[PDB]
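This document opens with one chain alone, in structure tokens, the form deposited in one PDB entry.
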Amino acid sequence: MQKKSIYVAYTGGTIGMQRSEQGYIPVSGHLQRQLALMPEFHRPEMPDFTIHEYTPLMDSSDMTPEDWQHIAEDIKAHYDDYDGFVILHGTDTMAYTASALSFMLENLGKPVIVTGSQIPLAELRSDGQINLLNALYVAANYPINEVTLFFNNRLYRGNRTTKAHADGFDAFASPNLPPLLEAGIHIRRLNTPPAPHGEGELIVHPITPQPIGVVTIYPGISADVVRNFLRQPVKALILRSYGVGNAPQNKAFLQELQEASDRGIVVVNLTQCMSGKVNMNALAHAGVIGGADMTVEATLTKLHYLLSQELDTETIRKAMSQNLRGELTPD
């Protein structure tokens, strides 16, 4: 009967750009005007859709948590009026936004698909045409009530993604979890277990910028350098350590970590490996919390989320190791 309706927020990215002598430039309303002339987007199988183009568009490499907040407020404001949501985003920080939204939205009961493209919709052979058409179709026909990220013909759990390549071509990966859905000839919903969720109405949590350090451990890293990473105003520190979560055993380094936790800093340990989980023991005794197999993006946004709420340090430390939105694999 009456078609489903999808809300499309064009927050930024190359999709709506137009050809000029100076090259491709953002042109207000160009995305909307083009879609009006493409019959494939108006077929009976396709949902109705409304585009809200951001003014001005966001350059994803210059985004901040204030922008994540603005996007969530947009979703909240239009939630009861649409059946799903598609967030068009620049690729550079798309995974960060998708991860942050997954924590900010609690008890989500409609699909929120973050996507984008390397090539503008206007170009003959455009991934923008493919990604937007599929995102709209999947949001309407194969709804999954999570914040997802669609790219390279796969629908990933948002807080499990990372931009894996950018030089010459854009590619995203979900290193520690299979996709939730594959969009090939035939759309296939995979048997990937759904994310945890409560049974009430949607809750949209606020988020604000937070002073977090994200650093990589290397042979001989000095306590003096680590001390700097932990100075005010730092509230949390994400350490990327070796293999399953190993680090140098020298006392000076470990004492800087212990003293930081003593004064309320949340220290979390992630692996330097491309995939796999941290299996925590010397760091553990210094107050460091294991981040299991969370991506850097999920860990960084999860900390922003927890620190932005009215929560004490020990509750934050406990929450960081719990699977709140499908971002980590429990032991």
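For the two forms, the rigid core is made up of the largest set of C-alpha atoms that agree within 1.5 Å on superposition. Residue numbers count along the first chain shown, from 1. Compared with the form deposited in another entry:
- Only one of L239, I87, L121, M104 has its C-alpha shifted by 2 Å or more between the two forms once the core is superposed, and that residue is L121.
- For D170, the Cα coordinates differ by 2 angstroms or more between the two forms after the core has been superposed.
- Core-superposed comparison between the two forms: CA of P193 displaced by less than 2 Å.
- The two forms, fitted on the rigid core, differ between the two forms by 2 Å or more at the CA of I221.
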Given for the second form:
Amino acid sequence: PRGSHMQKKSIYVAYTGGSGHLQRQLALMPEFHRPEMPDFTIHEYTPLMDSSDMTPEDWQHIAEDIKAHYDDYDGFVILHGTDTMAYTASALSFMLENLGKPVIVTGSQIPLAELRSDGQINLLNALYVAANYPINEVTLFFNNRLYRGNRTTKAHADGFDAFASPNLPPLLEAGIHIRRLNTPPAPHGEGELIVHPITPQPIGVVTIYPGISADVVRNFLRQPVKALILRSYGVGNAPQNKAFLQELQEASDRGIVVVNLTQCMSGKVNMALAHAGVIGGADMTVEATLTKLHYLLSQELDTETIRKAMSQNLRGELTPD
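Starting from the form deposited in one PDB entry shown above, please give the structure in the form deposited in another entry.
Nothing else is written out below except the one chain.
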């Protein structure tokens, strides 16, 4: 949407990490205080966190912070470390039902306090976008592009273009003008914001590679697994090993949700593993699939319902057949 510019918006900034130094730095930067910029309020988290140290509880914290302040602001910017920004953006998309205001995750590759920082520009753009292009999704702003949150990954560890959306175009691109792209809408509810709990869930993340043993699937099966993510080859292939397919069939028998993804940057799983109870994850990222599992396992649903929900497009994270 191209939102109206008639009244001065108020944006809430959840400074999660990524004391008082940010807020003072922004005070000192005139760009942030111009007439064309929305008003904003910073909530600095205590303690501030390196995003590498994040757990699902942290997603919950942030979602509760949004719900607390929802009626009081026009939009939300989540300032976050880059390392797991994509996991947080993906988690929020599932947790937040009936979301009728923009939530934009952003941050920087270089600290605001350093030289050549991208923080100023990413945060300025996020605020301006949240105020003027109020897309009702959890999104991620980086390097002049706004992405669907649950479509992103950090693709480039050293680049300012750190984030990609390998299976979906950006929602918006910033140049001389801000351009909205033809990207199709996610499913949308109606009424007041509902936060669905995401709790800790033991989920294993198996990379498929030559020489991987059945012992891996057997080892996960011992306890730390209610779900298992397979990063398989290409369009979702794995070794045809009888013991391997046995241990997977066994897993699904014990009520473990086994989800097949591609280890590739882009592409779509096309489903043998299906006969072993494995569910296809279509073109979902690991970040979307991990958080979607956390979401569903923490909800009031049985194993069959979770399995079916995993291949369904819930929030724009997957492209239906």
